[PDB]
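What follows is a single chain, given as structure tokens, in the form deposited without the named molecule.
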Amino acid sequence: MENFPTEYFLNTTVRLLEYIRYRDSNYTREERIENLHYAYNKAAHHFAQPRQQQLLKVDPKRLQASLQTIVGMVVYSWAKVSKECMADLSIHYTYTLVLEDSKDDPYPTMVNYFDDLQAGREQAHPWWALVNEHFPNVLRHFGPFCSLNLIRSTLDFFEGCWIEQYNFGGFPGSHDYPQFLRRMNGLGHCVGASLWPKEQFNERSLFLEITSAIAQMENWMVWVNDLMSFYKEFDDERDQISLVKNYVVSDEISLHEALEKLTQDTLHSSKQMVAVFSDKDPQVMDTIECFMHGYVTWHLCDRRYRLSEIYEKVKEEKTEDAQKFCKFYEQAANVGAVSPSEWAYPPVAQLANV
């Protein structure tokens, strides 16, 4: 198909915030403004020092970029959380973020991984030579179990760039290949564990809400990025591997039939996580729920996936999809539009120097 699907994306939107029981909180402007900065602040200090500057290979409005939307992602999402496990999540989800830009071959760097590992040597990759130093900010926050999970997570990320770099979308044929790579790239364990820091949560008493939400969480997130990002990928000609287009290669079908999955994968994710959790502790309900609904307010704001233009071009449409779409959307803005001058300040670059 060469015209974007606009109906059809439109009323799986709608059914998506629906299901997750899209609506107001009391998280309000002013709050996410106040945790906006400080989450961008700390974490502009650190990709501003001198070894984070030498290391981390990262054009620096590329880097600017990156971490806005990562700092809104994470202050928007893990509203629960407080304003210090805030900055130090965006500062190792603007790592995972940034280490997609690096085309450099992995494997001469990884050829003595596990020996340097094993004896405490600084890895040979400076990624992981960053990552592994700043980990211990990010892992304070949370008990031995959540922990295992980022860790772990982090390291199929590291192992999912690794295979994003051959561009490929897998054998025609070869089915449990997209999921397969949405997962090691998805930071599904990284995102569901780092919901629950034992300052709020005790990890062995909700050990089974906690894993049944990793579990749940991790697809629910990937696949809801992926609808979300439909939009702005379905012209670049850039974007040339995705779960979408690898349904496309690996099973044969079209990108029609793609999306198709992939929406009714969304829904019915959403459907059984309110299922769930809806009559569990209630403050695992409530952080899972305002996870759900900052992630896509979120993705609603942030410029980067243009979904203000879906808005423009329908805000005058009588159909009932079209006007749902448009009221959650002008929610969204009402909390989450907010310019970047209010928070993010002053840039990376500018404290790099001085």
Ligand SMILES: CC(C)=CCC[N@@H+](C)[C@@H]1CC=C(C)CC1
Given for the second form:
2 protein chains.
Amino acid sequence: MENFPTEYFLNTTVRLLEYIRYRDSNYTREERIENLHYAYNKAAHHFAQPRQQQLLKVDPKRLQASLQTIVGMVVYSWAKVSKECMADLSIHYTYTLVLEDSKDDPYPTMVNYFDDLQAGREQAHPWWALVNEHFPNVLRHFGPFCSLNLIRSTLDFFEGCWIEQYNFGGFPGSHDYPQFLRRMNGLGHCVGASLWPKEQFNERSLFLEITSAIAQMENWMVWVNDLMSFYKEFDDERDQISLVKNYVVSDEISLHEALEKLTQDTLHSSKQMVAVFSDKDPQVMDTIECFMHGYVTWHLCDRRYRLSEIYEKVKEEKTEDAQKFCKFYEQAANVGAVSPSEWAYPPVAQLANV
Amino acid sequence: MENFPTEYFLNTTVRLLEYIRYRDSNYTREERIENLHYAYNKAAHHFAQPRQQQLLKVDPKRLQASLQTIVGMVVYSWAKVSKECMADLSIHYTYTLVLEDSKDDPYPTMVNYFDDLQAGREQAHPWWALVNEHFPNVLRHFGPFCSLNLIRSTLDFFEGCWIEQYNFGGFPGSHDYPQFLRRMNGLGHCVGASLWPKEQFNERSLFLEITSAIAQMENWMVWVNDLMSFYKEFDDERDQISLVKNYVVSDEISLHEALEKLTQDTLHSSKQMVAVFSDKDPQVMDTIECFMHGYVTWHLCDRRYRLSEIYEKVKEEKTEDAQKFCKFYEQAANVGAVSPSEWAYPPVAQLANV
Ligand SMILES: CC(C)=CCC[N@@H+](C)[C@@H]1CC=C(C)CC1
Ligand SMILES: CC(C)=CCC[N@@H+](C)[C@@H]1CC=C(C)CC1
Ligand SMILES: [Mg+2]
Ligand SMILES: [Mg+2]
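Right, the form deposited without the named molecule is done; let's see the coordinates for the form deposited with the named molecule bound.
Shown next: the complete complex, the earlier chain at its head.
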């Protein structure tokens, strides 16, 4: 603890950007801004509705902040899905993100989940009521198999949050707990399966590719975040339980051993990501290659992860990592750094109030 | 490999039985036969119903054989749940087992899964129709959290079977595939969460214990089966995709290296199983301790796994392992070896025909 392993999280970072073949960029600053606003505008209007405004107990500023964070992530990572697809996914991923804010015990609202579900009665928990109502707008872009994947992962995520409320990092010696919890709320199968709109792909035709992509992308996606993320949590305990911190508590190892473990899985998931899809269907490899780069581009740009600080304290160095850290860093900014004022407007609150 | 790793097998097996503290219990044969018949009787009557007889496309003999295999597993492992609970779980686990028999492509029957579900219209796929109809009888024995777990795992399992239809062992270099598939159809969270009936336990009170148990049991349960199963799935050219066989195809290692890998995870899951729950709530450790032993007892007794063959071949060897194994086996038999004629009757077909 204390004093960030500042270099390893640069080297590792470059190792990652190199492995994934951090080519240049996905869009052109204007294509991004174009999508950003399209997605944001549809979402903002959605969450601004009376019903949504009522059932979704969340602080306005938080909602605004979250919506904007999700839209960016989607628009920069699902680089090849229609504008509509970006938007709808953005609504769904905003719902999931906003659910992490609930402090309300699910228990009582989940006592009749299955009977209500099976009988088509509106769910008790208001979140389920909204998400299941909105789901068709997401699900329409996909085939039956990929849809099943989104449905499951979202269910898994609901359980994931329930567990998170107990702020439990696992019993010492419970090695299987950390990843069990990480998968539970990583939305991995939701992400990986949403990368294949039936309009651009055919599940039946690319079933083995898609299935393999879901399998592999799930871990790359969660671990790449856990890494980039380790910065805004190295100093924050208000987020006590985390894959790295749970490894420590569960596997009984040092924060460094834990952070080392993650770094090994991450670089490895990367190496294999490429080894498998490089020679596969071009369109497939392209969606994958783009999601990775976009995903990394987003982490480096969203103020959220405060990665700009790592920039500051590493702009004058002359290493073969401290430079490979900003050589890429900058690349991200030149195409992904965009002032919200250019796309995120008007504020959800304003639309809602109207 | 060419010949079975008998030596290696017998050892691993003992290390496993030792690690988990495999010892005789107070669950008497009379008690077993009593439960066996109770569960079987209720199930048989269930599957013998006209509707079940219609919608569940399965060969009678296979159904008979499966029902009997599932009842035994349940009754010998959920040693502390009510007779009714053993029965109901037996119906559910029989449904799941019988689904592996379908070659029918799920795709067309799953094109409207979510819309039908959300609207409360009977599912298109007949299996979902039956299982979701019968679900409340299982779910009544549990609290909301544990129920959510059963619901998810079962969904996961349905997808697991869909993937299995493609008889795909993973693309070479796709290390994440094997376990992805194994978890998908291991029903781990269904098993682990069904161990805590709300009549004997309180989710809210033992939440951390239960959650941890689900996380840990999932891997112990699937790997312990993959191991015991190894002897029968060795010379079965019919059995192509399996965790061990997929490790070979996916991780590009030898069948021995793969088998070796499994053996390490298995023994390890075991040690940690004990290290964690030994000092926890007595009732918890007891349900866990019993499930493991019962589960192992069942594998050694069910003719299915043809384990009696390794026994005979070794029963007259003055080896450290060999003899250590043979006694464990004998123990299992003396309490778990029971003639079907003592509990499984009349045959489902007969009841159905009536
Ligand atoms: C979008 C964020 C905050 C992080 C990326 C990591 N994923 C595992 C996310 C988990 C939570 C949601 C809502 C979506 C995907
Ligand atoms: C019960 C058999 C045949 C094998 C053990 C492997 N487990 C993963 C089972 C999968 C099928 C069910 C219903 C329960 C758990
Ligand atoms: Mg979060
Ligand atoms: Mg994180």
